[PDB]
Structures are given as structure tokens and as C-alpha cells.
Amino acid sequence: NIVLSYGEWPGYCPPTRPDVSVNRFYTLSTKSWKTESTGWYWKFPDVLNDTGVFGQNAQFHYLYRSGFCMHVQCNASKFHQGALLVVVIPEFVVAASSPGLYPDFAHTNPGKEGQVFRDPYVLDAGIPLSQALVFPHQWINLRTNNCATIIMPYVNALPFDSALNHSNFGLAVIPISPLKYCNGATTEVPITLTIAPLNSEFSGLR
Amino acid sequence: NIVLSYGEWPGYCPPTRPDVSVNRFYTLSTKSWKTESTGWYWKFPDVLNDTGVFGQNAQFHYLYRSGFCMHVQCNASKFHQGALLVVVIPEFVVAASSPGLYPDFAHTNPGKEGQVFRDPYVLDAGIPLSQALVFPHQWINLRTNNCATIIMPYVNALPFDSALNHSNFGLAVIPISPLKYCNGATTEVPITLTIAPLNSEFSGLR
Amino acid sequence: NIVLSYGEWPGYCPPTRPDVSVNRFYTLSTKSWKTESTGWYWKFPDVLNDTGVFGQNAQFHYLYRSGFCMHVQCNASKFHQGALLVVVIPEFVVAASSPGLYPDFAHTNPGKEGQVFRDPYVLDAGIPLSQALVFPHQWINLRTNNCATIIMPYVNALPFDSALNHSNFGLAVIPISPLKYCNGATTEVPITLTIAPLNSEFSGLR
Amino acid sequence: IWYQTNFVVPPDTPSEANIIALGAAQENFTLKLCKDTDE
Amino acid sequence: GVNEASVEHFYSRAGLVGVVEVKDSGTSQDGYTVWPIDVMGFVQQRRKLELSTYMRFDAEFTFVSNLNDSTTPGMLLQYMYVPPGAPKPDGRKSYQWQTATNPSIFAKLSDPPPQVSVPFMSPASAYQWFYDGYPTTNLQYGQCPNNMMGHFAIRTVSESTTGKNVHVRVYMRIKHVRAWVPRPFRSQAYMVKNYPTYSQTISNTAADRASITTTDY
Amino acid sequence: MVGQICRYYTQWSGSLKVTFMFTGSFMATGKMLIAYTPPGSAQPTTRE
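These protein sequence lines are chains A, B, C, D, E and F, in that order. Residue numbers 30 to 43, 53 to 137, 145 to 251, in the authors' numbering, belong to the letters of the first sequence in order. Residue numbers 30 to 43, 53 to 137, 145 to 251, in the authors' numbering, belong to the letters of the second sequence in order. Residue numbers 30 to 43, 53 to 137, 145 to 251, in the authors' numbering, belong to the letters of the third sequence in order. So for the fourth sequence, the authors' numbering puts the first residue at 194; every next one is plus one. Residue numbers 69 to 204, 212 to 292, in the authors' numbering, belong to the letters of the fifth sequence in order. So for the sixth sequence, the authors' numbering puts the first residue at 98; every next one is plus one.
It is possible that some hints are incorrect.
Said to hold, decoys possible - Once the Cα atoms are required to be at most 30 angstroms apart in a straight line, the calculated DSSO-like pairs of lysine-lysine come out as: (1) A:116 - B:157; (2) A:72 - B:157; (3) E:239 - E:250; (4) F:128 - B:157; (5) A:225 - F:114; (6) B:157 - A:225; (7) E:268 - E:176; (8) F:114 - A:157; (9) D:225 - F:114.
Claimed, not checked - Here are the in silico distance ranges between beta carbons for each label pair: (10) E:154 - B:251: 57 to 63 angstroms; (11) D:215 - C:209: 30 to 36 angstroms; (12) B:188 - E:264: 49 to 55 angstroms.
Stated by the list, open to error - For the chain F half of the interface with chain A, some residues (derived, Cβ under 7 angstroms), not all of them: (13) 108; (14) 113; (15) 117; (16) 130; (17) 134.
FYI, nobody ran anything at the bench for these hints, they're computed from the structure. Idealized CB from N, CA, C, for every residue including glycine.
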């Protein structure tokens, strides 16, 4: 069920505090999990920077502070098999790879669509995927569960920061065990990410 | 669930009494249940006479007395159908058939591997399989259950007897309704027999 | 009578703990004490490593911890004279002598038979036999007593150790005053070593 | 890891799968004498 | 009706367990015979006894002796019981007829039949009709030596060939019966005396009909 | 992570747990035997 990141609920700062126009569920474009899929990551709050009332607040306020509640729903039949690791990585700095030593803006801030991994083994950051379980995470085993819920509080060296310039954390959905099925099953499995900001605070209104 | 043979728990004799080196679960080689399978039987304690610490005790002790707990696990999908009768037959004397009026040692004491029935209708003993339900038994209906557990106490005209020379009882797994499936399913169903001796006693140590 | 090595009874560790299959007396092959005999030593638990149920435990367990009770019985008439020193030497490392600076495996671990001294003056270790009485010891003076009993607890820098690789202590029977008799007496005096492990503990069963 | 039984599937189900092995220490794990790593 | 369907009543009544013949004319001039006690002499009685695995009972034996033409003269007979593991007579005038530890019954043909009750004789706690094991070859499999109840050596007390054959009908009544571990009734024909061996031509337990939907045979 | 921290230390002691996760289909049954051999003994050759 629900997992609390670092065992702390998100809370208010002891500034704009929207009640229900921001606290609503945001449902992102569904990702097609296929056999050859490497994985996807989103940057927060970059994923919601241009999406609904939260998008309007994050673009017209100097400072920002919010927790998040992520639901990763998966629509698969009992005849589909595979395991996703859903990991939240605080300060997920994406690395470039060169035989281009600096990643493009499209990779650092993929937006609401999200970016695919190129080297999910090293998480595109030079750190092993095998040790990614030190970060707050949930398994989605298609034979056990098709849901992951991670509650992430605000983590920063500063009490407030810019939504547009800084991403507090990244959320990665990575197929560890590849999706596999038999001829006749749907060739893809939908993966739905639902985000709900919790305890959102804003400053510098214009 | 568990069935008590003749409504009596196995107990001690009012001699070596091992605690955990013998009371452990013994898991035998899995049997492949197929369409044409006739069934299998094991003799006790001949099945454990050359297997682990119980095997060492049964071969270097003059007398023997023990109850048993048999688990007959079956690994089948919901798309497999069939019914096994799991019957414990006290003093299961195997009969020969002649058009060879005396059964071979390989048939009377098959060992840990176990022996296949040749005439499961007469249980290889000239007694009808239809009346085998007077003996302690469990059904394994692949659509209902895939487990059978029979707890068998020590049954003998003597308080003690030789493990190597005398088999107190036989355990028969017989497919009544044959295994049937459709093309694409596993052509065999594993049948696993797990034996746990209960209240084992030994005498004449060398 | 009984002498306690270092004034401490052997005790359990605050793991296999056999009751009577190991605590039984082990009686070794009798040694013929003659006029020209230099002495014998055994390594513990190497002396019991391949002997009965203790032998089976010491070879199929990773770790080991046990005290010992040694009886050194001597069968001599009142017309035989001589004195044996029965000394227990903790960590008895045997030395080679060269005019071959490393002792053979037959000398370091003589087994249940035991090894004869070549230089009993220096105990085959470069240490004087005259000062061997700092180790736990008993005299056998043929005119006073024909028995020695030394109770040896477990002495080690580690709480547990390997029976097969490490010998906690050596037991040496050394004729200080040579055996002497008159024509007609038995030309040899039997020396019988009886070992009883006390508080034996084992780990790593296979 | 031993194959106790054969891998059993119904029709139209992939007949090969994966096991993910995870590892950690218990509460009685200890470390001693700091040293620099090989990588 | 619960007394008629009890183990005590099922195994009650005296039944013929052997027709023993004491031949003393023509070529056979032995004048004696030894009949080993067999509770499973006939297949009818064997099938009823093999319903259980273990039994404990006392047996009562009756001897119905007469001549060829049903005549019962004043001839003397000795019915000696040889307990399990005693030597048996090897002749009409052997010393085994005088052994005191072999109980004897002296009775005439003119007297009503002799009766005597043999107790439970097994070294084990119950007779064992099925022994799944070996005493210590293929022949010895299933052969428990603890089921031997003894012998009944019968002779005419005479010094020479009488010239008259005596037919002895042994009737046994199982008494104080206790049975354990019920078993299916044997369905196949019995081929041999001490083995469950059956023919390869398996007989169906149920009689046949034309089809599974027609109640006609 | 335990195997990486162990390379920053000379000696370690204690117990380890190894979790196994099966990622086959929901309708995929069967048995595996996971056996542990203590350091003294060599690798088992057969399932029994």
C-alpha cells in the first residue's frame, strides 16, 4: 500500500495555500510498457509546471514548497508478466554519456510527457540501478500488485525554492523484469501516473 | 485439510528419541503426472531407509517405531483437470500377476524413488480400487484442492519392529480421473510427496 | 586423584550439544612402555577426529568447542619401577630438527595412534622437559600410583574453532625415570589412555 | 537454487520467467577497521 | 438389527476348516495323519478373514469322525495337538504320541464329537493376515511365521493296520474376536494359499450392462 | 549496498538475508529448492 518517503508526512511551513484547486489529482499521459521498454522518469515539480492551476501558480510565484503523493497504476491481465521498480530519487541529476558530456534541456526537464531512460542500468546518472532501493520505492510485480503509491515530502537544503529552475526529486518507473506475454495478449501494458501535490506553498505573486 | 488416520495422533511408547535431526521435512523426487499415468506407491519406512539422518538411524538400529505426516502437493494450473486418490494402506502386500507368482524386491521395496502401479484397478494386490476408501485417504481434485495431508500413527501387531525388513504401511497416489488439458498447457503435472516422521523411536545401536 | 587444568571446570558457552553418544569414554590403543621408550603425545581433538560419534560430529561441523577428561592408566607389577610425566601442553606446536626445518603432517597430527617423541628432552618443541611442569600434569610413579587424571577445559583465543585444522592442546606421556625390571617380568608395561569429551558444542551441520 | 518441480503454465502463458534476488544485512551485522575501497 | 452386523457375529458359528483322512487300507497303511491348523483352508473363510488386517481370537475345534459308510464303531482315536514349534509324529508309533506337552484327546467314534478350545497362540499381539515385509528370497515375502497355530495329529490307537479309513471333519468356531484396520474384500480369484497373487486376466468387480443408461443385465 | 559498504571495511560479521522475488505470470505454479551450504562444506551436486 502507501509508502511514506523517509517516514515523514508532508506538512506546512511553521504565502498562498490553495485548498482544492491545487490538491486535486493530476493524471498524466499513459505510458505504453512494451517488451523493449527501458523505463521513464519525470522531474517534480517540472511535470506539473505547465499543467492546470498548479501550473499557473508555479509560473507566477517566485518561491515554491510542496509535498507529493504519486500513484503508479498498471493495467495488465493475469496473462502478462513483469516487474517495475517505481523509485523516487531526490535531486535526480541526469548525466550525459560520451564515446556530448552535458545533457540537453529536453532530458533534464522532460515536462509532463516525461523522458525515456537510455541506460537504465546506471539510471542515466552513473549510479547502479541495483542500489536504487536506498531511495523510497515500490515494486510493481504484475502477478502480485499493479499499484504503487509513494508519499514524498518536501526535501531541500532551503525552506523554499523556484519550481521553474529546480527539481526537488525525480520519479523513475523502470521495468526490471521485462514485460512478457503470449501471442493474442495486448502487446503493451498501460502505466498511469497520478500526482497529487500536498501542502503546496507559494510566494512572490506576479 | 489434515486427516488423522483412524482418529488417533501418533505418540511416544510409555531408546533413541531424536528431536529435530529426524523430525525435519523430507521432500522426495517429484513425480510427473501424465495422461497415461497409472499411479505410484511408496513403502514406509522403506522410502526413508537410505535418506538423511532418519536413513542412518533406520540402518544402525535393531528396532523402530514412528508415526508419519505425509503432504502430497500438486502443481497444476486452473486449465488442468483430474482427480488423484491419495490412500494410506497399512501392510500393503504387493501381489504378482501371472498368465511369475512372486513379486520382485524392486516392487515390494521400491525405495525413495517409489514404484508405478501396473494394475491400479486391483491396487497390484487383488483388492478393488473402488473400496480403497476404507483406508485413510484424501482426494486431490485439481478444480478443488492440490494438497493432501494424512497423519498416520504407528500400526503394528508388535510394539517395535525392523525398519529394514518390515513396511508398516504403503502410500499410494492413484489418478482416478485421468489428467487432461488442452494443447499449450504443460504436458505433465508435478506431484510432490513430503514426509515428516513423528514420534520416532530406535533401539539396538550398532 | 583428578587434577583440574588451571583450576576451572569445563562448561557450556553462554549449536549441537550431544548428551551420551559423545560424553562416553573413548579408550585408545594401548602403548607398550619399554626400557628404551622416549614417550608419546596425542593432539586434541585430532585423536578423536576419526573415532566413533565424536569423529562423525568433528568432521561434519564447521565449528567445535569441548573440554576433555584424560585417564592415563598403567598396568605394572610391584616388581616394575619407573616414573611417567603426563603433561597437557596447550597449543603444542611440534618443531622439526635439522643438522628438514618443517615437521611432517604425520608428526603435527598423529591421529588416534599417537606419535613417539624423538627428543623428549626438548619435547620436540625446543622447550626443556624439566620446566614442562608449568603445564597441567600428573606423575605416575610405578611404586606410588598407576593412574593419572587431568581435566582440561576449552582453552582458545576464539570461542569456537575447527576440530580438523586446529589442535587446542597436546597430551604427552613421557618416561622420566626409565622402566626397569628383572629377568622374568613382562618386558613391557601397558599404558592406556581413556578420553572423555566434556561440554562438546558443534556448528555448521553438513 | 534447484528446480524442485517443472515450471507449470496453462495455455497462452509465457513458459520462462525471472527471479530477482535481493540481499541485505540483519541487526547483528557489524563492520570493523575502516579502509579505502578498490573502485 | 445391530447385533447381526457386528464383528463378533460376522466371525461366529463353527465352519468346516478341513476334511482330514486317516487312511489305513489298500496301499496307504499309515494309520495316522497330521493336519496343520489353517483358518484360511477354504476361499470363503479366507475372504471373510482378510476383511481385517489384525485379529485376535480363541478357536474352538470339533472333530466329526466316522468311517467311509458313515458307520461309527467303538474304535479309539487320539487327537493330539502339537503346539507351534514342537516336533510332529513321523509314524504311527513314534515317541511324539507319548509327549505330555502335546495335549491329547482320547475319544471313540461312538462318542459325540470331541471339542477343545485352542487359545490365541501368536507371539505378537494379534494374528496378522497381511505382512508387508521379509522374515530376514521372493518366496519369503508376506510370510509371517507368527500365524502358525499348531497341528492336529490324529491316529487310531492300534498296534497294526486296522484296514478302516477314518474321515475326520474339523469344525472351528472363532471366539472373542477383535479385528483391526478393515480392508477391501478381495475381488480377484485366489491362485495360491499364502500370497495375494491374482491372474493377469483381471475380472471386473461389477457385472456388465449394454450401456450406462440401460437398467438391464 | 551492503556489498559496497563492506569494501570500505577490513572485517565484517553478522547474518545476511537474501530475498527472492518471482516475476512470472499469476498462473505460473511450480517449486524451487533454495539450499544454503555453510562455509566448510562444498557445493551440493544434486537436488537431494
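Verify the interface restraint on residue 130 of chain F: the C-beta must sit less than 7 angstroms from at least one C-beta of chain A. violated (21 angstroms)
The hint says 49 to 55 angstroms between residue 188 of chain B and residue 264 of chain E; measuring C-beta to C-beta, is that right? Because 38 angstroms falls outside the window, the suggested range is violated.
Hey, residue 268 of chain E versus residue 176 of chain E, does the alpha-carbon distance stay inside 30 angstroms? The given pair, whose Cα atoms are some 33 angstroms apart, is violated under the 30 angstroms limit.
For the hint on residue 108 of chain F, does the least C-beta distance to chain A fall short of 7 angstroms? Not OK, violated: residue 108 of chain F not within 7 angstroms of chain A, min 22 angstroms.
Would you check the hint for residue 128 of chain F and residue 157 of chain B, treating anything up to 30 angstroms between C-alpha atoms as holding? At roughly 19 angstroms apart (the allowed maximum being 30 angstroms), residue 157 of chain B and residue 128 of chain F satisfy the hint.
For the pair supplied as a hint, residue 225 of chain A and residue 114 of chain F, is the alpha-carbon distance within the 30 angstroms limit? Roughly 29 angstroms separates the two Cα atoms, so the pair holds.
Are the Cα positions of residue 239 of chain E and residue 250 of chain E separated by 30 angstroms at most? With Cα atoms ~34 angstroms apart, residue 239 of chain E and residue 250 of chain E exceed 30 angstroms; violated.
Take the C-beta atom of residue 215 of chain D and the C-beta atom of residue 209 of chain C, compute their distance, and say whether it sits inside 30 to 36 angstroms. holds (35 angstroms)
Verify the proposed pairing of residue 116 of chain A with residue 157 of chain B, using a straight-line Cα cut of 30 angstroms. The hint is violated at about 37 angstroms.
Please verify whether residue 72 of chain A and residue 157 of chain B have alpha carbons no more than 30 angstroms apart. Answer violated: residue 72 of chain A to residue 157 of chain B is near 46 angstroms, above 30 angstroms.
Given pair status - residue 157 of chain A, residue 114 of chain F, alpha carbons within 30 angstroms: violated (39 angstroms)
Interface hint compliance - residue 113 of chain F to chain A, C-beta minimum distance less than 7 angstroms: Where the cut-off is 7 angstroms and the nearest Cβ of chain A is about 15 angstroms from residue 113 of chain F, the hint is violated.
The earlier numbered hints that this structure contradicts are 1, 2, 3, 6, 7, 8, 10, 12, 13, 14, 15, 16, 17.
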